[PDB]
Amino acid sequence: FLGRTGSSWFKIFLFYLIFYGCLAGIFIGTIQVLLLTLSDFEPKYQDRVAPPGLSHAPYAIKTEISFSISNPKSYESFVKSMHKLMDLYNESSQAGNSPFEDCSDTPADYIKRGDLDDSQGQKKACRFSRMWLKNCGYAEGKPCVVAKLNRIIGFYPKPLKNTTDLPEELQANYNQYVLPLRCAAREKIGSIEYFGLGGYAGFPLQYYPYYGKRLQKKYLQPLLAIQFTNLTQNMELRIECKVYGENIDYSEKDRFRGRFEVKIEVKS
Amino acid sequence: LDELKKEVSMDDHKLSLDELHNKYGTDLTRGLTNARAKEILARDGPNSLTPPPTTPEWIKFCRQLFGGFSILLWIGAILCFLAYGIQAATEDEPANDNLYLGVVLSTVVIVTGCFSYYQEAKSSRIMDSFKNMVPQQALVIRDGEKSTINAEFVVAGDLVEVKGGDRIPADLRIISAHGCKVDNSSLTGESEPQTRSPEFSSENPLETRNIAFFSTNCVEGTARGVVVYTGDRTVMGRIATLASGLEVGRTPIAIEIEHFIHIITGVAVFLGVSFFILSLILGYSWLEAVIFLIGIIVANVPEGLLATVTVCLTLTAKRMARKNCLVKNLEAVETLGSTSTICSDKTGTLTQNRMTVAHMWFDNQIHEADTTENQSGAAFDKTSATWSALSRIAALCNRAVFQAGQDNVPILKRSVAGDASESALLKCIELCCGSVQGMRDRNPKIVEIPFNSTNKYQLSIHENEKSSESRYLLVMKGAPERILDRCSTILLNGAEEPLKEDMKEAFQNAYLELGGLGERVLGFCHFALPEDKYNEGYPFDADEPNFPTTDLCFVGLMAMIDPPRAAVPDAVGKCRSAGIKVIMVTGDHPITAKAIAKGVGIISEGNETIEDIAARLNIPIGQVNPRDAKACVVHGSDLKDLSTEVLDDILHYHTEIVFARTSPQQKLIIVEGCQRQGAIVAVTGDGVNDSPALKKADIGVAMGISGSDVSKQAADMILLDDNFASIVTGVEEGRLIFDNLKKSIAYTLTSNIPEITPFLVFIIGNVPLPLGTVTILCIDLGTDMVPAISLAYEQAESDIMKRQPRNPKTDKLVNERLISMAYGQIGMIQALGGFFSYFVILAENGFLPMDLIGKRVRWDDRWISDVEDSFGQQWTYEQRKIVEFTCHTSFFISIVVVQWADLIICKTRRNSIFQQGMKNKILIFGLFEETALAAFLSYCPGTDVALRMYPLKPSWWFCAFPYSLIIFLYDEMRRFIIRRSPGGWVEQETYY
Amino acid sequence: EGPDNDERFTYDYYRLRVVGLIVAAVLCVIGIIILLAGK
Ligand SMILES: *[C@@H]1O[C@H](CO)[C@@H](O[C@@H]2O[C@H](CO)[C@@H](O)[C@H](O)[C@H]2NC(C)=O)[C@H](O)[C@H]1NC(C)=O
Ligand SMILES: CC(C)CCC[C@@H](C)[C@H]1CC[C@H]2[C@@H]3CC=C4C[C@@H](O)CC[C@]4(C)[C@H]3CC[C@]12C
Ligand SMILES: *[C@@H]1O[C@H](CO)[C@@H](O)[C@H](O)[C@H]1NC(C)=O
Ligand SMILES: [K+]
Ligand SMILES: [Mg+2]
Ligand SMILES: [Tl+]
Ligand SMILES: [Tl+]
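Chains as they are written, first to last, in the entry's author numbering: chain B, 25 to 160, 169 to 217, 223 to 305; chain A, 32 to 1023; chain G, 4 to 42.
So that you can see chain B by itself, here it is in the shape it has in the complex:
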């Protein structure tokens, strides 16, 4: 033929069949032992998610949400993702004492449901009403963005203490139980309005620590609705929403490390 005879062509097939078969069987074996060394409830390493990311619902083309108020299908793209998220926080999804629980309607302290063990059933998560998100189809004019803190197993988000000076200096400082979120731009051509649990501009600490998908399915993380009823129009406004805390840090590279990058433009 090309290389060899039929007899040789066969033998080279019988070899590579057994050979690659063995190699596949060995590869699988090493994957088995790897998995055997891992927990079902907690990942081996967590230093790469460490400082929590802050992500929002409006799916930004490039950290930007520009549209026209005087146009219907101009914002119907951002309403798709906005709906996708809030559709999960339905009351019909949170039914019965299992696996949900009614928690303080005001920001409270942490809740420990034991260890990362299966020695108990599904760890009961705090309910969260989308109805706590006042004012927010969504904002056809002047968007109503929804913030979110990235989930990390066993992470206890710790707010800053009012020992020294603060950006939003001491205003509504629920020091003991709220992780604040203050959006900014100089360039003050807007109108910041925050909505959340208990009416505070933060995340209620009663939703922590997260026990993971395996030990807490259907779990709901707290949301923080933000509305920009800015009196300006037809210009790119670089708005940055920043979260503050002891376990919260940022990076010049990762522009989502505990903060937002939104470029709103109501070009109408």
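If you are wondering where the hints come from, they were derived from the structure by calculation, not from laboratory data.
Keep in mind that the hints are not guaranteed to be accurate.
What the hints assert, rightly or not - Mimicking EDC-like on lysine to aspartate or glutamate, the simulated pairs with C-alpha atoms at most 16 Å apart in a straight line are: (1) B:86 - A:909; (2) B:190 - G:10; (3) B:86 - A:123; (4) B:136 - G:7; (5) A:605 - A:830; (6) B:35 - A:1020.
As the list claims (entries may be wrong) - Pulled from the structure, derived: some chain A residues nowhere near chain B, Cβ distances all over 12 Å: (7) 156; (8) 214; (9) 342; (10) 350; (11) 430; (12) 442; (13) 584; (14) 637; (15) 658; (16) 756; (17) 793; (18) 888; (19) 931; (20) 1009.
Ideal placement from N, C-alpha and C gives every residue a C-beta, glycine not left out.
Given the structure of chain B, go ahead and fit chains A and G with the ligands onto it with the hints provided.
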């Protein structure tokens, strides 16, 4: 074009002096007119040689920039700029990826260009050396007056004059001469002065006395002649053009390189476009379809391989430089290993090029002297009183002297003023009797008759050094038979005795044997003149026989020859044991050529020519079956009337071939004949008459000390110490580097698979990219470099000089067996070890292997800063990318770890590491430096930006260890099978 | 610890780099030693 120049020349030495003038419109006495000479100048053109048109270095460099790998790397470099252009227009990408990768790849092509350019070097100044043989000026007779003119202004027809010490300015018809002798070594390779006279003495113009040639010099006397040829039209000017004009051609090693380039280029374009369409079918945007292709290119092309080859060659050439063997062309480092036939000059190559005493006949006994340079033999006789009598004649009846200031150099190497035979005798006595000058001071010469054409002897009368005599001793030497007709007694073991027919017959026997050995034989005799008949003041007349020259005492015979170099016989046998055929090709006479052939082992003992059979059996040569003769001796005059097909039959039908009295073109023809049969041929030589053959040879080797400038220009290799044993070393080195290149190539190729497979699974699996493009270049250009080179220092696995020369048609540098092992077996194991570490990194950060399938869509989505892992955690864009790049880093390090084992297994093709050992210090160096480089690339701060290399946790380093070990075991088991059964299965499938 | 389990999300990449570079250097020196056993 040059087929005309490969033919024997035609001449006009047969014409009379007068007749020759009519042909050139010339005067025998007055010479040409100033006007007629200038007319002929414009007519024929200058008496000069024009160098052939060369290829500029520009085109030579750029021709390498388009050879398979460079072509693919160019397509990659441009395709980078393509994707970059498409980006800069569509979505403003502030990145530098495609732009920088395009710059990097273009640089890789340029630098790789320098390496191949350095390897494909051609240092040739043939025509320049020939031009150096034309004198600046010549002496001509114009308008009846002699004047010096620019030699280029010399034309056919003018009257030229030459004298001892000057170069022949052009081909001349001798019309007048006085004691003129010439050095025709340019045409023959033999430096013994040849007389020139107006008389025609041979039909063959290269042998007649009435022609003098350009490229030669007058050694003594004076001559006048008419110019018959000028410039390019001279006999050796044509040889110049032939030699300078010959197409170089591709080396065996070069052909091998291009061959695997086709193979690897083939699989590259195959998988390249095979997966380019496979991606579009899967619904991949052309934006991405090209990005994957660039990666495929980089994965398939072994970027550092061609440069490795060059470095391995260079390092092999450095070792040979250290044995006095200079390599002018890097590729010639290997040709000697692939050589199946050596065509060797005799004089100054196989031989020392110096008349040396070989045997002596005295006391009715043949004695042998030591002919070797360094005198590696033993003594023959010292005791016999006869010896001292013969020794005295050899010293006294000798007019040769050592040049001043030689006392530093060895006797046999020092320059001597005199003819070759007298120099030989001088050096013979000086060696075994001490200072000859002393013997010539103790015995003052009073009268002598120098060797005469008519007398055929030379005699001398000396004052006997003996005090009790202080009388007159007569000594003489000459033609053995002439000396015999002048002897009455023979000095036997001390005492004289009558010359009976018995001893006279033993003389003839001794004389015939020595002459049969191709040796020049001389007779020696002396006579103690009677005291009473010769007073202390008796005057001797040299002009008229004033003393007896008959009834003298015969002392002995001495024989001489230009002997082989000490190392030559043994080197010839070694070449022949390695299955290399050795042919002699010489301008010298057949009797001498044949005798040295037997001396060095070109013709082995018992082997006969058709002429030998005929003489032994006493029958006609036509009655001899030529197939009964394995040896042959072909004279150039017969070679001339043979067609190439008939020359091919001679080459095919004889194992032991001697081509004697060959012209320079004839040497070229013999070389081409050998090549025509499909053989790789080496030429060894030292003369300008070797230049065409040296050029045409697959590899020409010139002698460094004895070699002429031309020969060393025509060669690929120079033996700087004239050590013929270096050929044996060269062939051995050549074979070793050929095997080691295979090892180094397999090693380099093996790591291609773990660079290809990640890109494929990226498409078919939709997982995060396991390894990056930049990461691949860190391997092929970084870590693999020193290890791959180090394989060039591997010792032989067996006695390579015991095997036959490779068949260049069947035995390839890269075959299917190499690809099967490198791509199908070892590289495949490396790929898995890479993937394993990849799955380990991701799974330990929260992305278990199961959830990875079909996630790249969301993984690469720059706007999703919340991807969910297996444990329910959310990752931003840059966070997961850090883990991904950490995966690239550990996959990279996994390659390094699996290349550890590969380096050790590529060490040997057959033998076990437990047999070959670990005595390669460069290889061990490679292991340490490779690992140092990898660690540095991972842990050095800032490398995460420039190369996207991230720090690895200690446990990460050990992921591929079990795969590294399986490689070592697998290959060790496999080679154990090879050795345990030379049969073929494992052998014919995987044995590189 | 409980709410004070910050060490769980931390890794000393600084020490690892220092150690990694020490090792790389020493492997580089060791290599020179073995190579220079004859040049
Ligand atoms: C989650 O809540 C949303 C609230 O808008 C539900 O949307 C409803 O969709 C139905 C049918 O398309 C409409 O008739 C209603 O007007 C919507 N709102 C309400 C309050 O009922 C959505 O269907 C819910 N999703 C799930 C899975 O239950
Ligand atoms: C990533 C995976 C799926 C690709 C696997 C590719 C396999 C099938 C390839 C890789 C190397 C290949 C072999 C390389 C060498 C030879 C020897 C030659 O004389 C005949 C073909 C043969 C035997 C090839 C057959 C196919 C082969 C085994
Ligand atoms: C939000 O909606 C409420 C009614 O639910 C209305 O009273 C109020 O004006 C709205 N706020 C703004 C800022 O438009
Ligand atoms: K050559
Ligand atoms: Mg010679
Ligand atoms: Tl490669
Ligand atoms: Tl490679």
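- Item | Indices of hints not satisfied (ascending) | none
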